[PDB]
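First comes one chain, alone, set out as structure tokens in the form deposited in one PDB entry.
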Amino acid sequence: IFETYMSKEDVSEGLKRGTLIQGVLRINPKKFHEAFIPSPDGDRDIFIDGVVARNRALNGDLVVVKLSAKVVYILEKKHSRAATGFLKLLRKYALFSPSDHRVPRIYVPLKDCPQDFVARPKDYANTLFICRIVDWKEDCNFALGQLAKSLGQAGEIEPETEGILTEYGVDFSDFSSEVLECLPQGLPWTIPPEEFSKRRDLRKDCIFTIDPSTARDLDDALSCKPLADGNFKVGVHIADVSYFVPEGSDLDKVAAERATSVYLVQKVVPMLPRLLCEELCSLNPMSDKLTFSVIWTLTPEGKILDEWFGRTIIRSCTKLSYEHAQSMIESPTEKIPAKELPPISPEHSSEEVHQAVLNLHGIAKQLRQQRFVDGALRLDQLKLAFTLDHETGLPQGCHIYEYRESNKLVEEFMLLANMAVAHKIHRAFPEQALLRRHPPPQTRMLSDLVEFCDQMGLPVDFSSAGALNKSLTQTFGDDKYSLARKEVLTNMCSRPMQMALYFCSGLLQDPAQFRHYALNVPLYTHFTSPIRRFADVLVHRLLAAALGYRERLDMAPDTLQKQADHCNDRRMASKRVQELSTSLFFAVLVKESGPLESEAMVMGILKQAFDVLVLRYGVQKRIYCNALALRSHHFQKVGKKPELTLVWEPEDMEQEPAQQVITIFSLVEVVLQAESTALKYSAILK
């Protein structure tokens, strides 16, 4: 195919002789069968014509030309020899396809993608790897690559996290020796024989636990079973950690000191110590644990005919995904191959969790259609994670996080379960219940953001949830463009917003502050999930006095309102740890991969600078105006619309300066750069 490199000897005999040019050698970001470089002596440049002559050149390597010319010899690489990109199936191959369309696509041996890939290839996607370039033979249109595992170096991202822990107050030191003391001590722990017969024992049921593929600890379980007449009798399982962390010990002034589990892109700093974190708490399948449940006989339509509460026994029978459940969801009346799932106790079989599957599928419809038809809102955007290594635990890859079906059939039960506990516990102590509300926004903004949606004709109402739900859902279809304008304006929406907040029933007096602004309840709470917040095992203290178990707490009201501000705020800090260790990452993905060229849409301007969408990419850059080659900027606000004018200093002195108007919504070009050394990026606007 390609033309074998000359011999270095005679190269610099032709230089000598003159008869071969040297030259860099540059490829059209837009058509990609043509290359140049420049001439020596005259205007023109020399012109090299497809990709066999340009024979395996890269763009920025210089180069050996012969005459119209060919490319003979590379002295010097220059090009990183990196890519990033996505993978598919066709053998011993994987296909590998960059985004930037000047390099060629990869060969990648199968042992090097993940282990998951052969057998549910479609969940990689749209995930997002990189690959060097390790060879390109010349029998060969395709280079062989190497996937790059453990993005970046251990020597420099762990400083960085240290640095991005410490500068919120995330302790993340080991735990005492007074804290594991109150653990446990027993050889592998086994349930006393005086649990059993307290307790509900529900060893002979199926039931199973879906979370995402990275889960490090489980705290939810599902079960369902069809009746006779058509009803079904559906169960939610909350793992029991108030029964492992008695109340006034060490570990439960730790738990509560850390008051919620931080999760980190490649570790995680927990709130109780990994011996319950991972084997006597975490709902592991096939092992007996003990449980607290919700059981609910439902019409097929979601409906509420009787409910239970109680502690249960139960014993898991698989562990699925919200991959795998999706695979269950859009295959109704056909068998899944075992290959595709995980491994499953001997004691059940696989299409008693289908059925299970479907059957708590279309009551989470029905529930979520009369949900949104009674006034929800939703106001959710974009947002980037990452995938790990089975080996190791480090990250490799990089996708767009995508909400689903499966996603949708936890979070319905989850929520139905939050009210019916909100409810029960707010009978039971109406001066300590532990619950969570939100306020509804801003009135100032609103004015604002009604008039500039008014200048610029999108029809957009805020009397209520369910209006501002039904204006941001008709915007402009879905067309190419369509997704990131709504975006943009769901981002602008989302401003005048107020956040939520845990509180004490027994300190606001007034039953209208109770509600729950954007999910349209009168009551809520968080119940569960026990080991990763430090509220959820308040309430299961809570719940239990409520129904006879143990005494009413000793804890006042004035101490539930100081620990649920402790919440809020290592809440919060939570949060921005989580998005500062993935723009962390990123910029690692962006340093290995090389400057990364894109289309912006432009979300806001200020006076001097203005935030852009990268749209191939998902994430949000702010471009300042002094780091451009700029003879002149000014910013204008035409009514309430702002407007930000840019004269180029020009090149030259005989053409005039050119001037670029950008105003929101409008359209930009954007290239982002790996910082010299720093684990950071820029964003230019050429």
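Residue numbers count along the first chain shown, from 1. What we label the rigid core is the largest C-alpha set whose atoms superpose within 1.5 Å from one form to the other. What changes on going to the form deposited in another entry:
- Core superposition between these two forms leaves every listed residue (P270, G235, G302, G152) with a C-alpha shift below 2 angstroms except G152.
- Comparing the forms between these two forms on their rigid core, the Cα displacement of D139 reaches 2 Å or more.
- In a rigid-core overlay of the protein, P226 has its C-alpha displaced by under 2 Å between these two forms.
- Once both forms are overlaid on the rigid core, the distance between the two CA positions of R102 between these two forms is 2 angstroms or more.
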Second form
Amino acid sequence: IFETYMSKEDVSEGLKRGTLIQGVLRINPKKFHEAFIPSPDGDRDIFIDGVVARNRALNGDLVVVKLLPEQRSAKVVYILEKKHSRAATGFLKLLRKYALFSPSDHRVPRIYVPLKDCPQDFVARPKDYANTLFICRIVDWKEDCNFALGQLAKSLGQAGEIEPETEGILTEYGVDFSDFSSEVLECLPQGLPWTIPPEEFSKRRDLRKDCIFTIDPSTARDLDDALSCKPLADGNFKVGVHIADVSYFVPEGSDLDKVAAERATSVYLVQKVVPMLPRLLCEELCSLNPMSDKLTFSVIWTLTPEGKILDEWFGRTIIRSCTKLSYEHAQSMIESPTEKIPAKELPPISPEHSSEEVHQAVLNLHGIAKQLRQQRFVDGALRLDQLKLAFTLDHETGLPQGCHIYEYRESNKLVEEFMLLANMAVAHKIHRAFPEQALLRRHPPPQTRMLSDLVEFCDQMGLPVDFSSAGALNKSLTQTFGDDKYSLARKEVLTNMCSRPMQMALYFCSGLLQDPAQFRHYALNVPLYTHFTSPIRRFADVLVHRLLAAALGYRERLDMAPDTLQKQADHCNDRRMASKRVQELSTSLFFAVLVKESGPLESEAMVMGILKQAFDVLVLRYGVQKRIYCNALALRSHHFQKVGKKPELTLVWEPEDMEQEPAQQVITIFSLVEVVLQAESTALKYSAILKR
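Please give the other form, namely the form deposited in another entry, since only the form deposited in one PDB entry has been shown so far.
Shown next is a single chain and nothing more.
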């Protein structure tokens, strides 16, 4: 039996007086008996122990708590906002009136389902339904039942496959993967051979004779932006960034606008993509495909060879892109400055231009982008880059064949510098035009509480890093380690440790925050930032397109209050967090399937934590973090000692032959060991075990 909720008037009175504390619940995944909310006063979190103490609140709910008398313990007494999807994936068992549902997630409780929802052959023959995934939605949880009451949605398929588990994590996280109704496709233009209307040749600047190109990955269906560079007659360059004009095709108030607003970010998975607009807009009219006339919104600068701004112009234009490069052709043209590249390895080009113009254009943009990068990192930019893996999937069956490591070459930096310049320029324009309403991004500084713990950790172990600032933090991590096999692994382990206390970046509206100190982006060390570029994938990028066209005098001022923009910003934030979690879980699923169907995988590892009877490794080749126990090891003994706050584990192994003396192994932090990954009898679980 749980405890009943309280009235709304008492909640409001105690929340305005200050006796009750609101906050977002966070639930430990590894152990499900404890939860934490952030304190408003100080840094350290408020403890909520047990399952009874938190009244029917799931992970992510925005709850209202009351502190227990005598780090600080509280109990949930009200729920303002229900932010959890109230859905789960799991298995059904015949415990009569009900049937039991056990979710895979251990934070979701156990669910009673009536036998009308259960299938027709479950009551007598339930043995074939012990490996079959079901989706169940909680509709009611009583105050006297330890089990929620649920409605069974459907049958996914066999557990351990690719598509049942994919649809399970999409439904559990709230991603709407359904189809578009006919009232949404009726707002699209109805002319299949679409052409530019002749009244749009006077309000826009015509750039159909320039050399404009796109650099995007080989597996790309939507192209948002294009670049151009031109050498001037006094040793300067005219650099232009061109973005697809999406807000011309999405009118305000139409059903397309509400549907696009409902799912803010597109979701990218390993095998497919859940879009935000219909296929017609995303892959035909809006996308900047080669040799077609497109309506764009563009920014043009005049830059010195070191990359300093002398002129600036915003405005609506009409372009025609000439080629579509990749991140691999651009790297070839970067790495071959004095030698002509043969036409066999190049994508097709419009006959108006030559490949020499594209070649010298990407060379000049590389020359400017190098100096912009160096100056930005002298000024104090911070960059904690971890390890990401990419898969090769078989075409017919859809199973993974092998994983490799995604490498950040120079062509990924060429684009990243010009996009960072266009975003900061547009942020300055729409902030000085409309101070009351503007959409901007902010990153708070990291938490002082566990930055002090990382400082006292690196005070030991002979590491001279410093965490006083952001540029100091980046220059210290780059200079101390250097380049070596043991050193690069040291860098990876410290990047994983340093990436832990950083906070998360937020969208916000400028009419609610009072001081300009909080408008600052911490990691990039700039005072204003906004996402003007790439609109097809995000909806805040279309809100910024409307604001900038109102500021330039092309239309009337926006009629939205400063609170409506804040509500839309909160929706875009939660959609971007759920999308990020979904992509991480999809990569983890495909790796577990690869380990099971590719035998044992042999690699090296670096210890990053040591406990009394177990230790955590980080597999260097794959980047996954697994825990190793001594019980699965054929060893005579192991001893744990603490020497100068530097733990030590000594393993005395068992000799295969009695005559040969038993070897010894000493394990401390930053030690290189060898591990093997082996699948086990459960469908999607594996383990890592030490070798020799």
